[PDB]
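There is one chain below, alone, in structure tokens, taken in the form deposited in one PDB entry.
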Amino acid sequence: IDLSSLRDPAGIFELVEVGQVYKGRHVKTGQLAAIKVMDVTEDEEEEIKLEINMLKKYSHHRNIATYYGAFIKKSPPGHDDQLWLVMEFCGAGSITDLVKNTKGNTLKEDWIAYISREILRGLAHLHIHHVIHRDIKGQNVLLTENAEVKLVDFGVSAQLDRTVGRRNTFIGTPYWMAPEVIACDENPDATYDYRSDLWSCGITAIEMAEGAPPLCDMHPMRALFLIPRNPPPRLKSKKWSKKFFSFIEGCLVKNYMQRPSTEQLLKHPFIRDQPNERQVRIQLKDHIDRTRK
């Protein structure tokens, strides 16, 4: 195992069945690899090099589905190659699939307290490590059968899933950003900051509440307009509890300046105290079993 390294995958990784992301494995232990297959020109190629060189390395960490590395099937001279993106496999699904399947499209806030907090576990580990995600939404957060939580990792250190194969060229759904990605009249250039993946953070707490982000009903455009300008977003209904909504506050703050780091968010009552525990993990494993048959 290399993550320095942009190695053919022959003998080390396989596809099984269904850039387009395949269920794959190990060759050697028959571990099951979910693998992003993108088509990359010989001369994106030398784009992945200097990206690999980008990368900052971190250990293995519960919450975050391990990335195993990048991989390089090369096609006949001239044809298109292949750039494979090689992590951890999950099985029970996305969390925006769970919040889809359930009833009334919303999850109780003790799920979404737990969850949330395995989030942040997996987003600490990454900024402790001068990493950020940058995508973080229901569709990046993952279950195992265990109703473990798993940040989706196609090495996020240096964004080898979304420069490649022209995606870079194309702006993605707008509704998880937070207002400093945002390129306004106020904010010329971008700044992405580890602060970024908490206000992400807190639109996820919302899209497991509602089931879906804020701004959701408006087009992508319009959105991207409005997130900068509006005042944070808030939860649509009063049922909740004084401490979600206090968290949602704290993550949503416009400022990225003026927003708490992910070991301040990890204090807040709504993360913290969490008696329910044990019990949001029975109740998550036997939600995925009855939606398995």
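Residue numbers count along the first chain shown, from 1. The term rigid core refers to the maximal set of C-alpha atoms that superpose within 1.5 Å between the two forms. What changes on going to the form deposited in another entry:
Shift analysis on the rigid core between these two forms singles out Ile72 from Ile72, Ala124, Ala223, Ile182 (C-alpha displacement of 2 Å or more). Fitting the two forms on the rigid core leaves the C-alpha of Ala10 displaced by at least 2 angstroms between these two forms. A movement of the C-alpha atom of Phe244 falling short of 2 angstroms is seen between these two forms when the two forms are aligned on their rigid core. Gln264 shows a C-alpha shift below 2 Å between these two forms [criterion: core-superposed Cα displacement of 2 Å].
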Second form
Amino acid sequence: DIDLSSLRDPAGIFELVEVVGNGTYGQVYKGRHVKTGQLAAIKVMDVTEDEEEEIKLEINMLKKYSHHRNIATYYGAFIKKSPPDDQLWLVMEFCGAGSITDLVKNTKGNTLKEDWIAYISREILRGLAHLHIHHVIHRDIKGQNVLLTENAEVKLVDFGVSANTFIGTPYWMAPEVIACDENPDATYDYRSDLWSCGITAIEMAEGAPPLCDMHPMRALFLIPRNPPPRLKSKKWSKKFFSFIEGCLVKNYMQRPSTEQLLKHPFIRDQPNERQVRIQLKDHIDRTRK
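What would the structure be for the form deposited in another entry, rather than the form deposited in one PDB entry?
Only one chain is given; partner chains and other molecules are left out.
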């Protein structure tokens, strides 16, 4: 429950600073709570035709399901009314260190240490488990939607695709979400996010998802046809290969649940957990340029 009629103007409450990206629909600004100076991420979306119900939906999911440490917390919603085509500001917790895509991009050799991948993946999985118990599928798990705070906390964003008129990036999409001759009605199940989580792990390991060198339309054709993607390097632990294999089961019917993957030795057994939190924290401060 949320009505656009009750929603106040953001003037004096929140102000925009600089653009830090975009979502499914609308630009994402680094915002500031006027009275305290506290940073907040502001999603500014134009309320138009069809988008009126699409943006309204994101508000209800963000409001009700962001009450977990691994999901960026919903603060509030506002409408900066323009002549009778308005602008909606969706305010949530700011994640200072940026996306995990940005992390691997700003790392020597565009790869992260295996124990960093283990920590990040578990945090994605924990946020996913919370959504899945609440009968919610994220539907857009990718490094761009996995953000870090200044204190190396991992948080999930964007309920823009969650269960518009544009098809986004295909590389993190599970085979079953792509419609083809033997799969006409797609078939989104919660396990679709686990495939996406595995592709995000290859992204942390190699700096890019598998098939990144393909035209997006060609990758969309290949994902359901190709065998499960594999890590290029042999350096990785047997536990990491097994985790990737676990996430990337082609047929979602034999793919493990979020709960099963949370018990995977790669996720479950993390002895250097405290040190990687320090290492990661140190790395985000090191990126001072």
